[PDB]
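Take a look at this single chain in structure tokens; it is the form deposited in one PDB entry.
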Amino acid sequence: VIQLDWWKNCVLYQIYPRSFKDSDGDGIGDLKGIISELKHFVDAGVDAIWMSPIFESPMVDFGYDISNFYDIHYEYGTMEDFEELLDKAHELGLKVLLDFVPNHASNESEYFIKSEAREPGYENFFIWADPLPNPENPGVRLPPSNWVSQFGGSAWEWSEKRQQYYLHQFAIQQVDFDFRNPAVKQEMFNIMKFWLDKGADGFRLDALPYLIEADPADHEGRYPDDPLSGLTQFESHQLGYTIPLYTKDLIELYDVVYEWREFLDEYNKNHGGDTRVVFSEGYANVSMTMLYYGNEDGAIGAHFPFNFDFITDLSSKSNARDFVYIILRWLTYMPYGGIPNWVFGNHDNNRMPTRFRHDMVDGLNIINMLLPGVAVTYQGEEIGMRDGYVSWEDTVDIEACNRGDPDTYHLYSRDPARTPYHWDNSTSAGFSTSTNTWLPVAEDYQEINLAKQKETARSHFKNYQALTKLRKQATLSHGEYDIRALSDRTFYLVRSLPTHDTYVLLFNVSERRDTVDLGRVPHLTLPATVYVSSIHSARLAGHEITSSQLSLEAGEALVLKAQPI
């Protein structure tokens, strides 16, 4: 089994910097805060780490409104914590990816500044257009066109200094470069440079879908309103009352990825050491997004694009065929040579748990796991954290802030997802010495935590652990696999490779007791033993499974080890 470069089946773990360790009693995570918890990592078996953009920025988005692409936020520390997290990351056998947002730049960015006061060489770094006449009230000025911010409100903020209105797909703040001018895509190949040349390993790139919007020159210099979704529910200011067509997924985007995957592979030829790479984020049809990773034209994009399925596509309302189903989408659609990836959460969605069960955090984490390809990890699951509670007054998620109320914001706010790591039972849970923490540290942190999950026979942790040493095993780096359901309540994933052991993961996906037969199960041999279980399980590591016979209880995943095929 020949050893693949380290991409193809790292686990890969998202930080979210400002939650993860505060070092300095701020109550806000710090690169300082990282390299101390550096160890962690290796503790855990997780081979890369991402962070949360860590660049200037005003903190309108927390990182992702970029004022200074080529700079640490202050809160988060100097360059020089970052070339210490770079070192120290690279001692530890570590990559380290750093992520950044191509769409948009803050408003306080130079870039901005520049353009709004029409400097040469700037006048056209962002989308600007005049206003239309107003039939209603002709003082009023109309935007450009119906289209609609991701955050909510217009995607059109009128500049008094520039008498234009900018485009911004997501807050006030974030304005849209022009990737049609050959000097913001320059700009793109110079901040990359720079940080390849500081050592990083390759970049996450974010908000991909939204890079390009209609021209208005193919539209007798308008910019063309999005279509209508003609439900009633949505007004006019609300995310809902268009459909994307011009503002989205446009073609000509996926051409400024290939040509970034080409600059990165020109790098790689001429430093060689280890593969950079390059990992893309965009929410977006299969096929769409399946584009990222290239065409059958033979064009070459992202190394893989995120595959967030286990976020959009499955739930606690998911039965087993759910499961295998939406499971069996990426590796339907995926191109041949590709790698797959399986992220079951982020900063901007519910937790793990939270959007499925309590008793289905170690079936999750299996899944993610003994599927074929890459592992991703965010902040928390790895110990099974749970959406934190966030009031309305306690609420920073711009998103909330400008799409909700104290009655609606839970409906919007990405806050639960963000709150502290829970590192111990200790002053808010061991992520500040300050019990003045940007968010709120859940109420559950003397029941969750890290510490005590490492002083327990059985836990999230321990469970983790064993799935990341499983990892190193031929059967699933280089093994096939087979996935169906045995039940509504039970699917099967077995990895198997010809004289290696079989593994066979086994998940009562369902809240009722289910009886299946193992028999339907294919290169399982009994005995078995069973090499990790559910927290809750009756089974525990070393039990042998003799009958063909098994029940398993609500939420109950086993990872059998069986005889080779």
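Positions refer to the first chain, counted from 1. Between two forms, the rigid core is the largest collection of C-alphas that superpose within 1.5 Å. Compared with the form deposited in another entry:
Residue showing a CA shift of 2 Å or more between the two forms (rigid core superposed; candidates 134, 434, 295, 236): 134.
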Contents of the next structure:
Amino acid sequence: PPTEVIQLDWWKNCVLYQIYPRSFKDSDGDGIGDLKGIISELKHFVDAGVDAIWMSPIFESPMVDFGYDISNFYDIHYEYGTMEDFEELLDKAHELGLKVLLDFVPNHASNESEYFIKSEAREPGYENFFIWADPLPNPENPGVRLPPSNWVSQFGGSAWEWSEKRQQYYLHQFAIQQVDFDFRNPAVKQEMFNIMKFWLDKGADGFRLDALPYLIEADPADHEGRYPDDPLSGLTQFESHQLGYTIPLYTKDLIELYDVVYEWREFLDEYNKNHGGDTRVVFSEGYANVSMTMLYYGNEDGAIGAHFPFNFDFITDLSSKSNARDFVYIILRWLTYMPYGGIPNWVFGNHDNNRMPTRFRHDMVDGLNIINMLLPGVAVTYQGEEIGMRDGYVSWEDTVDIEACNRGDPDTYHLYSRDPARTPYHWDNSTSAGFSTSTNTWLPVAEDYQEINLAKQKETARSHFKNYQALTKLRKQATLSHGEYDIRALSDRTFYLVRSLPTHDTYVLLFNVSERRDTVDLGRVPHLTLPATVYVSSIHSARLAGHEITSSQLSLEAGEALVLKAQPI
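Next block, the form deposited in another entry, ref. the form deposited in one PDB entry:
Shown next is a single chain and nothing more.
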């Protein structure tokens, strides 16, 4: 008789799907994805075996950074719909059993926000809402104004913008139009609680928290009443206006940012205690080194932060250049450094990075989806990974990404532009791939949508989507929710991942990540007794689901991945 397992809180082993609403589904023929479109396809998440959806920003926004420049944190961007459409989405998602998280952008507001307009005007209570600074005293040329410091924006050029009206500089770590809040202002910290409480009370199940490494910068009180310069890098390819010119010592990962995150979690815990129902959660976005990433969870003094910080390792440290030993060594980093009791999470893609099968190879999609689903903890899926969408082609003309428009020309833009990972979702082989009834989509529909689309993959005997479905379903098994893991490379080309749990079925990934065939001794795989049955295979595997592995010698093709189901240990 198999052991009983204690059920986990929903967020500890959810499949979390990141919707990019502008590119998911257009219900209204403007070539722009919208909330009624998402509502019309909430059944997709259930069919997929997704537990939770996180939307990129849907709040009022001048759309300079497609939603990450928010002018009203309390209302819905008209192009996506209304507050009424948002409440309908929560009702219908909840009725289907889905959790819904919103994208909370605490570092900055649009310069078209009431916060900024009032702060620029020095309205009482808003004067010190953002980071405002006098020019650097220039004794040599009192004639030429100097920025407060050399700090560089993520989207190109000075992080300091002159306001004619206020006769001071404001800080922008992102676009000129994205003004940084003063997180040493208690009125700001209170507004962040107000915003989250507002959406929790509407019924959101939590938040994805944007750009947290950038919350807090050096206090000029600590540097004799000036903003201290960031150290220079030396990289001769970067001039004083180019991102990479500085080391962000005074502008990123300040220890004081984590106190804000712990205060958010305290607020959220108290909210959950006072409301009951499903735990509401925060998942943080932070590209940082391992030490500074893990501090999001909490610290050695018992502080508790985000339910988890996102694990970007499959984006930052793995690619088509990676061999099987790289795959193992990077997988092991989160599992080795994550604090005791922390929930691991795996992210293969997002709206800021190239699509999974473009970073890796077309023949690796199933293997990567299996890694996502079979590792312990939380699987994160970016819109399109479930059908193996590829980066779309976007001309300089069709490019709308502020980062490309700031840092690029028609020769260089592709190095900066996030648009190719933002192309409309492939539903079917109809006009604009079933994304819109209109041919004029906000970004161009990738050329391969006739070949790569959801309806094709539901019709055909073997597909990325059917593999995705079999894997989300496997996550219900006690072996994946509660099982141990063992992971090692068998060669430069192939590794195993074994989930095992006494009295429950053993599950094994074998994945040849290389461009060459590989033959391995399955005798080296712990907890694998043969015969074993193929549960899932790569769409071009010689092995079908149900096929029996009896021989201890296994030849994998380039890209080939198998999940084997073997007898319990």
